[PDB]
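We begin with a single chain expressed as structure tokens, specifically the form deposited with the DNA bound.
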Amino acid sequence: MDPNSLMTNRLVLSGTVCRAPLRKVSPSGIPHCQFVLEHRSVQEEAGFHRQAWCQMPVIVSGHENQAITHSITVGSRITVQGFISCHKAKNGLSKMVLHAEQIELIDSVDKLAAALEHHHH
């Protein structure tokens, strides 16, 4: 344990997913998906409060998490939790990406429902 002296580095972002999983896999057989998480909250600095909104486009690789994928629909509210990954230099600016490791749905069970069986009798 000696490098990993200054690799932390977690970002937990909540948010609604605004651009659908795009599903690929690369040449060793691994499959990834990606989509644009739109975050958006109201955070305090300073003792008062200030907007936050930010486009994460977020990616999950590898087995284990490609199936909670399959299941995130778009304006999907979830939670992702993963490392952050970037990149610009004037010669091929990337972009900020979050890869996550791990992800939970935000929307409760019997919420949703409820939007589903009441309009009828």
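Residue numbers count along the first chain shown, from 1. Here, rigid core means the biggest group of C-alpha atoms that superpose within 1.5 Å across both forms. First, how it differs from the form deposited without the DNA.
- 88 is the only residue from 70, 88, 49, 40 whose Cα shifts by 2 Å or more between the two forms, the rigid core being superposed.
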Second form
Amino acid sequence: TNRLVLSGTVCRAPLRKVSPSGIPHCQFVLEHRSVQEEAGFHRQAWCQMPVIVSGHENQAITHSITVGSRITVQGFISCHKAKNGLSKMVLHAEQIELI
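We have the form deposited with the DNA bound; now please give the form deposited without the DNA.
The next block holds one chain only.
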């Protein structure tokens, strides 16, 4: 099992492109903030989660998203070795809601 459902606000301009092999992809960052109850305590959960929406199916849906847009994404997480060398945890969207 690998399923993450996360809501947040797009905090970085959506980078749209198509792979040299014809794969449409949209990348952006999702900023999440919430109050969480853990072991009886109230703590804040926060993260700026990189999100990638690949494939023709979800490309149109993203057109409505820009910096400031609030969305809820469902997909799987996976780690990637960025150019910075460090490891980058990113959410591969399978589903996206615009409100």
